[PDB]
Each structure stands twice: as C-alpha cells, then as structure tokens.
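Chemist: Read off the chains here:
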Amino acid sequence: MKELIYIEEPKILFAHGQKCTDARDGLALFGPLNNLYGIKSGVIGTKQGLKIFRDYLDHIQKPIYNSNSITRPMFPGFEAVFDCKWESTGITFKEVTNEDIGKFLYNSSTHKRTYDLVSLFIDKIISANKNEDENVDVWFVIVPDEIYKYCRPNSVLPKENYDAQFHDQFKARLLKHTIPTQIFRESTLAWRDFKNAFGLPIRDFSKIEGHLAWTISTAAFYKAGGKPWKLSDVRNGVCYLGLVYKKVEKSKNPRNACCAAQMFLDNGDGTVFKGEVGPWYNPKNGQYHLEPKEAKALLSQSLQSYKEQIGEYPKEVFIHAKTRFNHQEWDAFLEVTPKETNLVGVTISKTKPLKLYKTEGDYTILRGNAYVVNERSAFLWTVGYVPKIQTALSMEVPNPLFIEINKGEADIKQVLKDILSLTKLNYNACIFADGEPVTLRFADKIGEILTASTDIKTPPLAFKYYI
Amino acid sequence: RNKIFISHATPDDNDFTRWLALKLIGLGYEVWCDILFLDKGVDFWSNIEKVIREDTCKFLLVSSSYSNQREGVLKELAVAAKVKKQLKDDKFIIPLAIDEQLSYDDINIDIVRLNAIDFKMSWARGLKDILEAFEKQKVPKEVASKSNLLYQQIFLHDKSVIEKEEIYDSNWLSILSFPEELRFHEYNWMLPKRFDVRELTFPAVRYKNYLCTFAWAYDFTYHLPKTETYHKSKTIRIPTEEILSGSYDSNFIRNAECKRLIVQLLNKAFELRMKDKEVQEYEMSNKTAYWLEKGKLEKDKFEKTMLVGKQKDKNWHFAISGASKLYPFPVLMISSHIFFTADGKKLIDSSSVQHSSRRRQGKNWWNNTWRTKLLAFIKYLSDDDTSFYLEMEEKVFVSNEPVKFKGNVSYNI
DNA sequence: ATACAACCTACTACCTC
RNA sequence: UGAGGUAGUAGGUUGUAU
Ligand SMILES: [Mg+2]
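Same order as they appear, the protein sequences are chains B and A. Counting with the entry's author numbering, you get residues 1 to 160, 201 to 507 for the letters of the first sequence. Counting with the entry's author numbering, you get residues 2 to 144, 147 to 395, 398 to 418 for the letters of the second sequence.
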C-alpha cells in the first residue's frame, strides 16, 4: 500500500502573454507567439502530386470538424489560427517526370535505387535554390506510394556510404544547403482516392481530418520560421541536455554515435531549444558510453553555447539519457564543469513492467501520477487519462517512465516536474503531450538523420532541417 | 436592444478589445466597438451616444491604466450610467480588469462600487466569467454548430482533476516469506556437479564450487548420489534478512552478486513450479509465457472472467509471464499476453500472423478486462486462500493479491 | 563458449489521434 | 515519411564462475 503523488500539469505560453495546457486550445484561442506574413511553398513531384497538394491546400483554409470536438478540437483554418497566409497561389512547382521515376526505381539493389532516386529528387531542389530568383520558405516534396514502399532497408521488389532509407538520406543530403523541406505521401493528402481491396481507404482519416490538418499546419508553420508556443514555467539558468546513442551501421566500421539536444531560457524570457551535433563516436561495438575526451568536448561545447547565448555560466545542468553513465564519464564531465555549476545526470527508461489498473473504471490511470520509489528513483505516468480531452493518450494500459537520478544529487520532485514540462515541446506534432521528454526524442530525430550519411562535417543546429 | 458596448482607450487597448469583440461575435452576440463598427466620415460622438442610449443592452468597460482617466471613456461611462438609471438595470456596466499595474484602490469614482471581472490571470477564464454572467442575465443572442463548439471549447479549457481517493491494482506480486538461510554446498567434483544444472529437481547454480541452494544437500541425493557421501557442511549460511538488507560483505562474494544469484534462483524455482502445474509453454524472443488449454477450465469462466475465446475462427488464450526482482522490494512482475491456437492443442508457426491477431484482439479489451483476466489467472495459479508457494522442504510464499496503490486525485468519467 | 542477471539498439506490424 | 502509442521479432554489451 503506497501513495502516488500528483504533479500539476505544466503550461505553455501563447500569444498575448496567455497560458494554456493544450496547444490546439491555445492556438485556436490566442494565436502563435511570433507572426510571419505568409508561407511561400515550393513543391516537387509529378503533376498529379501537385494537383493533390493544391487540393489539400485549398481544403485546409476552411474549418474542418471531427466526429467529437471535445477530444479533437476543430481546425478553424490556417489563416484563422496562425494569422498568416498559406495559399495555393504562392506555390512554386517543380516537375519530376514519371518516366524518370521509373528509370531508377527498378534497380535490383535497394542501395543504388534509393541513392539514384534521392539524387533525382535532390538536384532539382538545390538547382531551384541556387539558380532561381523566387524565395521559397518550405519545400513540400510530394512522394508517391511506389517510391515510398520500395525505399526501406528491408524492402524488396515484387518479383520484377549513405543509408538505404529514403527519408533519412533525403534529409541528410540537404544538410550542407540548409533547406527546410517537408516530405509528404500522396496517401496522406489523397487518402479518399487510395483503396486496397473493396473500395475502402487504407488510411481512415474521416474521423480525424481536423487532427491531420492541425499536425500538418503546425509542422509547416514551424518549418517556415514560426514560434507556435513556448514553455512558461521554465526555470532559471539551469539548462537541460539530452543524449541519444545510435548505431552508425556499415558505414565505416561498427561504431556508435552520440547526438544531443539542449534547452534553456535566454535573457529575453524566450526558449532556446537546439541540438548538439557532430555526433561523438565510440568505436566499441555494443558500448554506449562516451570516452573521456569525447565527453569533455561535448560538455565544453554545451557550456560554450550556453555562455555565448546568455553571457554567464549555467547554475545547474541536467543531462537526460536513455543509458547509465559510468564513473569515468562523470569524472570527465566534472573536469570541464566550473565550481558554481552543479551537474545532475538522469536516466529515463520505459522498460520496467509496472501497470496500474483502476479497480472499477473503464479508463486508465491519470497522467502525471508519480510513484517515488526513493530519493533517487521514481515512476512517472506521462501517458494517461487527461480530464480535459476525456481520453487517455494510449488505448491500452499505459506504461510509465522509470526516472532515476543516476549521478549527482537533486530534488527528485523537481526532476519529475522538469521532465513533465519538457514533454510539451514537440513542435513536430500538435498533441496534448507525449510520453517521452522532447530532448531525447529530438536527439533521436537528429541522430537518425546524421548517421544516414558520412559526408556531414558541421551540421546546422536548427531543428527545421531535421524534423 | 441587442448590442454589446465595449469601451476602451482607443489606441492602447486595441488588441484585447479586438480579441474580445471577435470572440463575443463568435458566440452569436451582437457587439458594437469603435474600432470595428464606427463608420468613416460620421459624427462619431453623436453616433456613440445614440448607440449607447438606444441600442446597447450591456456595457462592458475595459478597465486598465490607460482607460482609467481617459476623457472619452469617462463621457461614455457617464452616458451609460444615465441609461442604466433609466433602464433600472443594476448589471448594465461590467468593468473588465485587464491591467495588473492598475491597483484595485486607484480606480475612478464611476466604477468604484462595481465588481469587475478578473482578466489579469487569464483571458479565457475572464471570458468564461463573462459568458456565465450573460447566461445568468439572459442577454439576447441569435445563433450554429460552430458557436456551440467554440462555447464548449471555452468552457472546457479549464477542466482539471478533483481531490478524490483512488485505488489502483498493479501487477506486482509481493514476496512474503523467504528461506531461513542461503546455503553454499561445497560439493567439490560431485561427478561434475551435474553440469547441466538445469534438469535438477531443485534450482541449482555454481558460483565458485559451492552450489547455491535454499534446500538441503540430501535433497539432491537422487540426481547426485555422491552428495549422499558428501559431508554435510553447507557453510557460510547467510541469513536471508541480512543479505536482503545489503549487510553481507567481504571478498567471498559481493552483495550485488548475491542478490543476482537470489534472483536467478527465484526465476528457476518459478519456472519449475510452472512446469509442475501442467501449463502450456510459449517460447519468446526475450522471455517465456504460460497459457492454459481449452480443457483446463469448465468452461473457461474462472470467476466469470473468461480466459479462452474465439476471435473469428482461432482460439485466443490469456498468457502470463513472471519475473522475480528485488528492486525496490522483493516482488514478482507479471506480464500479460494473448496467444492464438488454431486447434485444441497446437500453435501457429507464423509469428507475423500471431502478432497481427494479438494486436487486433487487444484493441477492444480496456483496463477493466485486462485487470480482471490478470487477477483470475493469478487466483487460478494460487494454491491456497491468500498465497501460493515456490519450492526451494524450504519454500517461499508470494501473495495472490497484487499490491495496491493509492492516489489523492482522480476524475469523474 | 557455456549458464544467468542487468542493460542496450535496429526493425516490422497494428491501432488510434 | 502528418503524428503518437502499444506489441512482437532479431542482434549485442558488461559483470559473476567454469
Ligand atoms: Mg515532421
């Protein structure tokens, strides 16, 4: 018989200084933080893809309703939410002929097919960036289904250096040109016209059309320079960092690459949220621990970035990771850390099998419920029933994060509150919240793109080039 | 008289006034504002006076630091007070406190006796208060679905939890009893000490040379006849309470290694007991699961919970998985699975179709069904009224009731 | 290379939002 | 890859003794 504490829901800062808990309920009521004048959209693909994208873009401008608006707030139209124009009259179209699509798509090797076809899609974007006088905010790459299906590492044809994945390769080959692009699937925008067996859609978007419009609009607004929202209760000079280890695969020897994300608040009360890139490499197979030199370089770069943005050194530095730091790592970290800076290394995992079932209800346990095992270990339910939207973030019984303060000493309640607050900064989607801290998720997103290529030297820090 | 009049400092309160006016128009209220409805090339003061006198039913005042002592705002307030006196309506003028820098003691004499609506903390809460007051006062409004959606969105934006006691059922089975001592049997050769160390009738393991057992040496006489002639020493004999409390030490064996060996022994005993119970076994990538057959229950309705069923033409069965652990306290984590068999005693070779069937079946179960099935399976596994035992003569006791959790917050469906 | 526990990642296939 | 979640399937590392 043990007691669960409850952590109050964090709030995000929308326009007019107003606060809210749901991004959809704050954007529809108050608006985005900063305003831009419009989105000049570039499109690449076949004329059918351009037609589909134009149809969706004209469809977005009107309000779209869901089956139940309480769980799914309606989309009031792009202009009525983001106060900027995203029309089909600003589209700059580039044609990829279906003849040239089928010239590379039927190569026997997946690697060569994906490389050639990514290059075909990429050259036009680069040429229109350098050799054309238009100004394009976001490049919307509409990708058919045949390309998408046969552009995976394990994909095979139906009996007649870089990664084999189309998306990661595509995003990695633009990193030296800093072009924010959004990859779309024709089924995403034209789900009604795509059927499999009996005239029914493969993807049933009928009940969730408003949510799809919300997610697409938020992603496009963020990619074009917008600031849809920001955290309100972010603390003082304490800065958060998040590390993720990835397998570089058969690029150059079995290697592991560590990529980071960083988050804090500047003197202007805004939110700084970027990545630490140039992945730090451990050559030992199966070893997800950074060597002392690599860890020293990583912490030095993070502290230098913080001091350049702020003007002094952070009071406290939190380091989220999915692994456990050994003592050599922390010795290397402390040899760079100044005296006034206090380091906490927190490990977040989602593999401990603890499910809490409500005794009588048909719904699941509340989100934000925490079970402090002890002063250095706790369980947090970042996925659970939300009274506001009256539906849990997961259909089944949710699994909680096991948050353990691996290194250093700090208040576990403050760690839990900071993690729950960090779960609200997912600019890649328009949701209430997600079950993972956004630092680790965005570090994973950065790493999956960085490890897809070998020619990257100085990757950009902004997330719109990766997400 | 349907108009709603909003007074403000014209170039300083533009943002809030426009926001509030557009919102109020959104829910079907007719609003008159000088920044949206005042015509060009018109006598604006006469028009404002005529609107206040003959058109407005409510008078909302944007009370801020700029509009506190603005002459036009004061003239509008005076005319509104005269109209309110004529109308015999006490709630005609409704100030809206939107500025924090304006103290509640520095307000002007015109609204010093009226209670404002707090917009400083939250604009949406202030709008909720305005809408509640309007509904109470029955302000005229002509609406259809969009207005209701916006009204519900404004009213439901502040929904939160209530202070209610809640009880949750977990999947952790707490271990109640432990063997008195941990026995290290120096068996020496003992005919390779039964090098299989996995087909023995009791859980056994070799740390350096001593078999780690909670039982006696003569309990292994059948599998190891040499242990019949082995001198009964079984030295060290660490008491379980001391080792489990992190007190045992010294270079013979580390504390963490001792705990890991205890966990291994518990897992081996759990597997042996489960195989003793005659339960069907399923091999997985990271663990093993146990599921009953169709004829194990009559008729698969233990405590009216059901453990076997038909999806379309295949027979789904609930399956259990156990994992003994010591952190934070000695417990057994229990995991749930669903396994599909085409016939009475068979299995489906393709793991892909098995996974697809499991995902299709688990989409319509919910926490109540999951918990009831888990509790029924555990209670079936229980050999007694309130506990079941794992055989180490020595034995350990684990309760059949999963440990509860308590919370001070909940919701109201 | 064998046995275990205690951690780690890459890869699909469904489900709903 | 519009986005989250839940599962399953493979592989590996450290430690403890042969
Ligand atoms: Mg995205």
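A couple of the hints might just be wrong.
Pairs of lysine-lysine residues, derived as DSSO-like cross-links and limited to a Cα-Cα distance of at most 30 Å, are as follows [to be verified]:
hint	chain 1	residue 1	chain 2	residue 2
1	B	453	A	409
2	B	270	A	83
3	A	211	B	390
4	A	167	B	453
5	B	85	A	211
6	B	398	A	162
7	B	362	A	24
8	B	392	A	85
9	B	504	B	19
10	B	247	A	162
11	B	398	A	41
12	A	162	B	267
13	A	85	A	24
14	B	2	A	85
15	A	271	B	392
16	A	271	B	447
17	A	409	B	362
18	B	292	B	485
19	B	428	A	235
20	B	2	A	328
21	A	211	A	235
22	B	457	A	167
23	A	121	B	267
24	B	390	A	121
FYI, nobody ran anything at the bench for these hints, they're computed from the structure.
Chemist: Look at each hint and say if it fits the structure.
Modeler: Against the structure, the hints come out as follows:
This hinted pair checks out: residue 453 of chain B and residue 409 of chain A have alpha carbons roughly 22 Å apart, not beyond 30 Å. A hinted pair counts as satisfied when its Cα atoms are at most 30 Å apart, and residue 270 of chain B with residue 83 of chain A does not qualify at roughly 46 Å. In summary, the hint linking residue 211 of chain A to residue 390 of chain B is not supported, as the alpha carbons are separated by about 35 Å, beyond the 30 Å threshold. Between residue 167 of chain A and residue 453 of chain B the CA atoms are separated by roughly 22 Å; this keeps the pair inside 30 Å, and the hint holds.
A C-alpha spacing of about 74 Å is found between residue 85 of chain B and residue 211 of chain A, which places the hinted pair above 30 Å, so the restraint is violated. About 21 Å separates the Cα atoms of residue 398 of chain B and residue 162 of chain A, which keeps this hinted pair within 30 Å; it holds. Simply put, residue 362 of chain B and residue 24 of chain A have alpha-carbon atoms about 45 Å apart, too far for the 30 Å limit, and the pair is violated. Taking the CA atoms of residue 392 of chain B and residue 85 of chain A, the gap is about 66 Å. The hint is violated against a cut of 30 Å.
Distance check on the hinted pair: residue 504 of chain B and residue 19 of chain B sit about 25 Å apart at the alpha-carbon level, within 30 Å; holds. Under the criterion of a C-alpha separation no larger than 30 Å, the hint pairing residue 247 of chain B with residue 162 of chain A is consistent with the structure, at around 24 Å. With a C-alpha separation of about 64 Å, the suggested pairing of residue 398 of chain B with residue 41 of chain A is violated against the 30 Å cut-off. For the given pair, residue 162 of chain A sits about 26 Å from residue 267 of chain B by alpha-carbon distance, which is consistent with the 30 Å threshold.
Of the pairs offered as hints, the one joining residue 85 of chain A and residue 24 of chain A holds, with about 25 Å between alpha carbons and a cut-off of 30 Å not exceeded. Taking the CA atoms of residue 2 of chain B and residue 85 of chain A, the gap is about 60 Å. The hint is violated against a cut of 30 Å. Taken as a hint, the residue 271 of chain A and residue 392 of chain B pair is honoured in the structure, with Cα atoms around 20 Å apart against an allowance of 30 Å. In summary, the hint linking residue 271 of chain A to residue 447 of chain B is not supported, as the alpha carbons are separated by about 33 Å, beyond the 30 Å threshold.
Restraint check for residue 409 of chain A and residue 362 of chain B: satisfied, since their Cα atoms lie roughly 29 Å apart, inside the 30 Å limit. Restraint check for residue 292 of chain B and residue 485 of chain B: the C-alpha separation of about 21 Å stays at or below 30 Å, so the hint holds. For the given pair, residue 428 of chain B sits about 67 Å from residue 235 of chain A by alpha-carbon distance, which is inconsistent with the 30 Å threshold. Taken as a hint, the residue 2 of chain B and residue 328 of chain A pair is honoured in the structure, with Cα atoms around 18 Å apart against an allowance of 30 Å.
Taking the CA atoms of residue 211 of chain A and residue 235 of chain A, the gap is near 18 Å; set against the 30 Å cutoff, the hint holds. Proximity of residue 457 of chain B to residue 167 of chain A is assessed by CA-CA distance (about 22 Å); at most 30 Å being required, the pair is judged to hold. Restraint check for residue 121 of chain A and residue 267 of chain B: satisfied, since their Cα atoms lie roughly 24 Å apart, inside the 30 Å limit. Taken as a hint, the residue 390 of chain B and residue 121 of chain A pair is broken in the structure, with Cα atoms around 40 Å apart against an allowance of 30 Å.
In summary, the structure is inconsistent with hints 2, 3, 5, 7, 8, 11, 14, 16, 19 and 24 from the numbered list given earlier, while agreeing with the others.
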